[PDB]
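Residues per chain, in single letters:
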Amino acid sequence: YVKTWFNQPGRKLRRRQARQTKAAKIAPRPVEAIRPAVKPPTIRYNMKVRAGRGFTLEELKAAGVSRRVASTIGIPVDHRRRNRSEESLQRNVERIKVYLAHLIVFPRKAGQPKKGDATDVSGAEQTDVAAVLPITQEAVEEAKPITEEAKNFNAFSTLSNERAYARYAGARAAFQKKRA
Amino acid sequence: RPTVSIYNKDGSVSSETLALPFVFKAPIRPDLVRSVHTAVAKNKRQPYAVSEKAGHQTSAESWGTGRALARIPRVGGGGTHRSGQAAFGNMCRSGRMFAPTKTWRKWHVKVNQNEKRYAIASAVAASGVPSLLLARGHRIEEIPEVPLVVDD
Amino acid sequence: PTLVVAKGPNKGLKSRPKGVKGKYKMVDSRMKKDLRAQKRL
Amino acid sequence: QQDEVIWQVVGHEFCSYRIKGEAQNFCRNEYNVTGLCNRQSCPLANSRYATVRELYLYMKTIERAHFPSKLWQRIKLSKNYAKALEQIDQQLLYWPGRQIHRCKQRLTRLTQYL
Amino acid sequence: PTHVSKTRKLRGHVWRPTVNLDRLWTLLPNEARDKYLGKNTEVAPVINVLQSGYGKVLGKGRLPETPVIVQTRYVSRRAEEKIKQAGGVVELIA
Amino acid sequence: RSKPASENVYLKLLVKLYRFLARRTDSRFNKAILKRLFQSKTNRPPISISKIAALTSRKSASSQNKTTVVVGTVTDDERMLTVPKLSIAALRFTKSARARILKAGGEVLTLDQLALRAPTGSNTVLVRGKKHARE
Amino acid sequence: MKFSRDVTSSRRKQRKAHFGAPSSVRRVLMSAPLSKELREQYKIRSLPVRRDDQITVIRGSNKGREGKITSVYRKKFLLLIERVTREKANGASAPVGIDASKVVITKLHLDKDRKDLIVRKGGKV
Amino acid sequence: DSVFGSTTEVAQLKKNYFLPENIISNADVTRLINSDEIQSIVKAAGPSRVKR
RNA sequence: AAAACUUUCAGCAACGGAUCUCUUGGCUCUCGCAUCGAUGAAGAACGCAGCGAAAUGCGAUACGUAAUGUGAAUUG
RNA sequence: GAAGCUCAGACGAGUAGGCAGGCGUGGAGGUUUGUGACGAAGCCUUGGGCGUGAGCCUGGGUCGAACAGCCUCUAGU
RNA sequence: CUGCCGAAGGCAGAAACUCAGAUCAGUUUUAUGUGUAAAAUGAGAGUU
RNA sequence: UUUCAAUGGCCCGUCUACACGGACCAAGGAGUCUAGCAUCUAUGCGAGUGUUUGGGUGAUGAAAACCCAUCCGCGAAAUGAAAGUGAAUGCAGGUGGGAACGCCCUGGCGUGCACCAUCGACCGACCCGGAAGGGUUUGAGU
RNA sequence: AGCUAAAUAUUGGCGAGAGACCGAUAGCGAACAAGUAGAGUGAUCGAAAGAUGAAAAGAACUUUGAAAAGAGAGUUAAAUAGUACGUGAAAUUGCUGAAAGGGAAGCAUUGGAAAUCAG
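Chains as they are written, first to last, in the authors' numbering: chain A, 21 to 200; chain B, 5 to 156; chain C, 756 to 796; chain D, 2 to 55, 60 to 119; chain E, 2 to 15, 69 to 148; chain F, 15 to 149; chain G, 1 to 125; chain H, 261 to 312.
Source of the hints: derived by calculation from the structure; they are not laboratory data.
Even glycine gets a Cβ: it sits at the ideal position worked out from N, Cα and C.
Accuracy of the hints is not assured; some may be wrong.
To spell it out: a stretch of chain H is covered by chain F in this simulated footprint if at least three of its residues, at any positions, have a beta carbon under 8 Å from a beta carbon of chain F; those stretches are [as the list claims (entries may be wrong)]:
| id | region |
| --- | --- |
| 1 | 272-283 |
| 2 | 291-300 |
Keeping only pairs whose Cα atoms sit at most 30 Å apart, straight-line, the calculated DSSO-like set for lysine-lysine is [stated by the list, open to error]:
| id | chain 1 | residue 1 | chain 2 | residue 2 |
| --- | --- | --- | --- | --- |
| 3 | B | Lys46 | H | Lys274 |
| 4 | F | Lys80 | F | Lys109 |
| 5 | G | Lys16 | G | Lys2 |
| 6 | F | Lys45 | H | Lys303 |
| 7 | F | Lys117 | F | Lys17 |
| 8 | C | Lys769 | C | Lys788 |
| 9 | B | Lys106 | A | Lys32 |
| 10 | G | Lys112 | G | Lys43 |
| 11 | F | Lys109 | D | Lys65 |
| 12 | F | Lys17 | E | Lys7 |
| 13 | G | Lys2 | A | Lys32 |
| 14 | D | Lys81 | D | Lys109 |
| 15 | B | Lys29 | F | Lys109 |
| 16 | B | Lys48 | B | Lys114 |
| 17 | A | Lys68 | E | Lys89 |
Assemble the whole structure, with the sequences as input and the hints as a guide.
Next comes the structure, spelled out in structure tokens:
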């Protein structure tokens, strides 16, 4: 059994046409939805930022948009993800805020901009999200002045201590519980 | 840098001129260009191969030893012209060829991007030289200037 | 088994030869060259 | 680029005037002096040379070699075989004298043709 | 190419990547080296080997006397006071 | 051996030039260059700009204006943060090494310019890169 | 050069289509040009060949012969013309066939259908 | 110029691309071999094709 | 020691169907599509034309009828 | 044809094995203002010529529609 | 197809570099008893 | 070309003399494709290198070509059973040879690449000491 | 306890576009009246076979012959295209011409004799 790749240009052309057909069908709105900024879950990749599946309920509520209408206006919602730190919270919150600020909603039934809509909608144009919302990387630290207490601070001497504390943590954990 | 004149639609020479691009000074490398062109020319090929069942969909087993005849398998049955004839062999008529051609032969070949750009730069530099054009075979005896530049 | 030689009217057989019954083996005088090799082996 | 790189791409193998055979190759160049493959005789692969065809004489120089239209200059001779020998040799005295004999001999053979 | 084979003439014949301090200044761009190296500035340049894909920094090479802050998870034993004798400090990143 | 295995036209021209120089001069340096031009890439290891700078400024040094010659590639060494005033003539320079040499210091030359400046090899140090380095 | 993908360029497919075309398609394939006066009169370059049309042979051994068409013998892409025949061995007349594209139509057979064809193909009556 | 770039500045339409450098710069060996700097150093030229 | 016979050579004529050229075929790859049947399927049988055995088409309305388009044939 | 020219000397069995240079076949890219119904390919020949050889060119006859040299590529060679 | 090298009962060849050597020899002398050591003749010898 | 005269000439392949194949002719017919590894050669770049998993452009045929992007692969650091630790003292150490070069005035002098003999230090794993220091153990290590 | 497009597969079916593929002992078994002729109780097995010419213009008519055919003609550029039809090789056979031959024949070297070509 062998799997040959003689249809690689054909697959590439078909995917491009499918993207083109998708764009033509839903032209008023961007062809890619808004995605949250999310950090990979490992020690090898926790220094980067990538695109998550969707926002969380806490982020949606903090931004002020309900989880019901969020799907309608094009904001994917993830019910599994949870925010364990405010740093991620206001990070995804400001992603939604800039999305909403740049967002224009065509009024339904074309009678009046009922509450949340756009008065002038003639400026419709299909633009990708990445241009308006360019996902970034972790902020690289710029040059800072020398810190004196850090200068006195050795470095890995500490990592040796808390390491030895960690390895023999059960050793003294026993010691206290047995003598108490 | 040397400058080349612009020739108009009426065949005249205009006052505007272009400085010679750096690419026209690229090292002309015929051997590298030929090797890259050899590789690149094979990337538009379509695969070909015989049927994988060709030469096998008959029914023929060896008659055995001591038969006063070759031990190649022969089609069974009778009353037909094919009965008693050999099969399953590159020598045999209507038999499978030796090492049947396969579709997963290496049809395409990978060339380094820098090597490709080296060849293209040398090709442009070669195109900017009159003598190479004459060897190429282009009848450019009365071409006013090489490289030839025409207005927009 | 009974031994017979495939020569003349005994060539080109697919099955039991003519006038032969019981356990049978037929030789064609060509297998002597690979039988002598087996004897050495 | 230069004379020698043009030679090593063109002169050795690749040329619309090469005729290879069993062990020999010849020159169809309307510019060549000897009809053979050489550094001394290929005007594509070297600087200014001169040649004769049926009689009009081609001449070259370097400062305008970037302009093919006016690159080859033609002078016409229709007077005499002996006379043509004087114009050919006179205009090659101040020019490298190696190929004066070959050019003169071409004049003689081609006048014999006429 | 089959034509240049041997049979055509046989016819008829039967996770923790590491970096040494010699390469620490290489990580900073050319602009940072030009505007911080070889001169005296109150603010010191910072090197984040973690953002460059390095887990630990090891101790092969010398350093110019220009102070520099090294952000890393693990640091080598005498590579620390290689920074300190060079005038910088290793500030450990989490 | 009397010809390189490469088909490179410019390598052939360099072989042609130093073949004449070796056979028409008494320069054992020219004979060495011709021999090293015939050597293959496995016998032509690249030499680092750090090694060249070390060899020039080695012990008593006396580097002065002596031209450094290697039949090979002068690869760059990012590990040293300064480049001295150097003048190296070589077969091929990497873009990083060439830029570092020219921007801060001296000049680079081809073996052509070497034959133009020191055709007999006078005041030329003939360096070679480290062999083995097998992987 | 063709730039579409709905049309073919293979010799195999073109010949198969040509020699396997039904009678309705062979009608279009069996077209002939018009004479200079006819062309300047109807603004039509070419027309399909129909029986009882007055034509003149332009190429072949009958170059210059003129007559009307007795039948458009479609299944061999052939025409039959009055008096353009051959003497057999016995002496009977065997009609000599001429290709439709080798003749020129010097006089048409006008009916309402053909006039509709003329006005439809960018022409005037 | 913007497509291929030079040997020193990058091409604008090809990122991190520089025109390749050359092994030999003034590769016209014939003028180079007949230049004065080499004729002045070469020993007395040996004879060409000789009598038998 | 001439004929005949045998053999060799050459011309011609036979036998045979190689080679060369072709090719409505095959093979391979890619692209597009989703559509059998108790409202009787796939398959089999037997028939149908002015003169038909096979191939194709069709079913006692039988080398087919109706409808639409073409516009003057079919052909031995 | 610097991949060339030139002078001189020695040497010459050859299996296993190693190295090098060439002849021929189908198809592809480039080139030859390439050949061809005033006759391409093929075929026959007691004709002629070339090469140590693989092979190549050619005269005559037949024949009827395509074919070849040069540089690369490729292989059901 | 041709040419060159060419065995074996650890070999022949290829590449990388020593010294213009007293460096080796299917050898003979000299000395000590077929071993060893230090004149003849021949050869460019070699090392991984 | 045929033929004669003189001289010479055992029937080819296979297999260890024999034996096995061979009536004749035409056509077909047997070290191929592919995955990995290794040596060598060539090309590009070079402490970097690799576009074609993917995206964009490509209209003139668009399965080609060209362009763009983060991972990631190999390399840039080795050792230890494992936690782990994890490299120029001394011009990134010296000595001798050593290619090439220079200097004179054949030789000598410098001068020293690569590489080879040495050689000390450093990284470790092993041992002693409580990091310094001591081993003349070790790794196709700096 | 349950549903759900998309990216994914697709030697079958239906359409197409191609090809550095094969060129009638090849390519599918089948370019053709091919799963046909034919073989086997049966499951099954399973071939061979393409080319006149632009157009049959497929040889009227006469003669010999029982007829088949042949010989004259006639069509055609061609019958060295006559259906047993493009080109038409070898093995093998017949005729003619030349030559040799007492239990082998083949081949090589030198030269004569005959034939032939060439400078």
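Going through the hints against the structure:
no., hint, verdict
1, 272-283, "holds (count 4)"
2, 291-300, "holds (count 5)"
3, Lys46/B to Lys274/H, "25 Å, holds"
4, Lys80/F to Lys109/F, "23 Å, holds"
5, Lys16/G to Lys2/G, "19 Å, holds"
6, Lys45/F to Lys303/H, "15 Å, holds"
7, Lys117/F to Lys17/F, "37 Å, violated"
8, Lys769/C to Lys788/C, "23 Å, holds"
9, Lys106/B to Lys32/A, "25 Å, holds"
10, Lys112/G to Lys43/G, "18 Å, holds"
11, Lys109/F to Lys65/D, "40 Å, violated"
12, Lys17/F to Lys7/E, "24 Å, holds"
13, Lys2/G to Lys32/A, "24 Å, holds"
14, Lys81/D to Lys109/D, "15 Å, holds"
15, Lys29/B to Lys109/F, "17 Å, holds"
16, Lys48/B to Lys114/B, "13 Å, holds"
17, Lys68/A to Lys89/E, "27 Å, holds"
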